[PDB]
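Peer 1: Using the sequences plus the hints, can you model the full thing?
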Amino acid sequence: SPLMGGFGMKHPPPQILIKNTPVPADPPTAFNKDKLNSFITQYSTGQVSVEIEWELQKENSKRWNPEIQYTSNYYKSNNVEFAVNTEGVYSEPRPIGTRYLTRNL
Amino acid sequence: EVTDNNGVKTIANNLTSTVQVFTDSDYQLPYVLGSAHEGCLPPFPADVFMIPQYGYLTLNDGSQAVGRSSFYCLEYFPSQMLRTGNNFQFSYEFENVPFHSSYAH
Numbered sequence: 001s002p003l004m005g006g007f008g009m010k011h012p013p014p015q016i017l018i019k020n021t022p023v024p025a026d027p028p029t030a031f032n033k034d035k036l037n038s039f040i041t042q043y044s045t046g047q048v049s050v051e052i053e054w055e056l057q058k059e060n061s062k063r064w065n066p067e068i069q070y071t072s073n074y075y076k077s078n079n080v081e082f083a084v085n086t087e088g089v090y091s092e093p094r095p096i097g098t099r100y101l102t103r104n105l
Numbered sequence: 001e002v003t004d005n006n007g008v009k010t011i012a013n014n015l016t017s018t019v020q021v022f023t024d025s026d027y028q029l030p031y032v033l034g035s036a037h038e039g040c041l042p043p044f045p046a047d048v049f050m051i052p053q054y055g056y057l058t059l060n061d062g063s064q065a066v067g068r069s070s071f072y073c074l075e076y077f078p079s080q081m082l083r084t085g086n087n088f089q090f091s092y093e094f095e096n097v098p099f100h101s102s103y104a105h
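Quick note, the sequences are listed as chains L and C, same order. For the first sequence, position 78 matches number 78 in this note's numbering, and the numbering has no gaps at all. For the second sequence, position 46 matches number 46 in this note's numbering, and the numbering has no gaps at all.
Quick list of simulated restraints, FRET-style, between CB atoms:
id	chain 1	residue 1	chain 2	residue 2	range
1	L	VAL80	C	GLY39	54 to 62 Å
2	C	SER69	L	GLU87	42 to 50 Å
3	L	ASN85	C	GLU95	53 to 61 Å
4	L	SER1	C	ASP61	24 to 32 Å
5	C	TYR92	L	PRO2	32 to 40 Å
6	L	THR71	C	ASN13	50 to 58 Å
7	L	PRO12	C	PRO52	49 to 57 Å
8	L	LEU101	C	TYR31	15 to 23 Å
9	C	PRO98	L	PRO12	32 to 40 Å
In case anyone wonders, no lab produced these hints; they're calculated from the structure. C-beta atoms are modelled at their ideal positions from N, C-alpha and C, and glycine is treated no differently.
Peer 2: Laid out in structure tokens, this is it:
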């Protein structure tokens with residue numbers, strides 16, 4: 001299991017490598033055997049979509065007590081947590097972990 | 001039914017009263033077998049034994065409880081009710097355990 005947390009896999013999701021194909025600017029009219037360092041400056045843009053299916057383990061506790069849950073707070077604030085501000089920059093308030101429910105040992 | 005009249009114990013049987021039994025088959029109660037407790041079936045078959053009282057410990061902050069401390073009502077489980085004509089049968093298959101090494105090297 002990775003020490004920073006997560007799922008350790010022998011064969012994780014493969015790396016996806018992407019490159020703009022070099023387009024030479026224009027060769028000299030007489031032949032030259034050197035490797036054509038002059039190129040047309042360009043960049044690419046696009047859309048990428050990732051779809052992951054996750055299997056869940058539903059909590060099945062017989063505990064009578066109400067449990068601890070992650071919640072937002074109902075107190076007036078300048079900004080909404082996990083939103084954008086007046087500038088338009090999105091920010092995340094605190095690091096949310098996954099351990100809120102309980103189980104017996 | 002035991003009755004105390006002027007410090008005199010008279011034991012009469014109560015044909016209509018019941019006894020509740022259940023097996024925690026889903027393992028959703030604190031498990032107190034496996035702590036080497038002095039309450040077992042006696043080694044000698046001709047002995048009559050008292051049934052030990054069930055109880056459990058949860059998370060403590062010294063003498064105080066914490067939010068994660070769990071309380072179990074055992075009456076929240078489905079039990080079988082028995083009044084003197086009834087019996088209770090339970091079957092269990094042990095999971096695959098290794099043979100205990102009954103030898104020296």
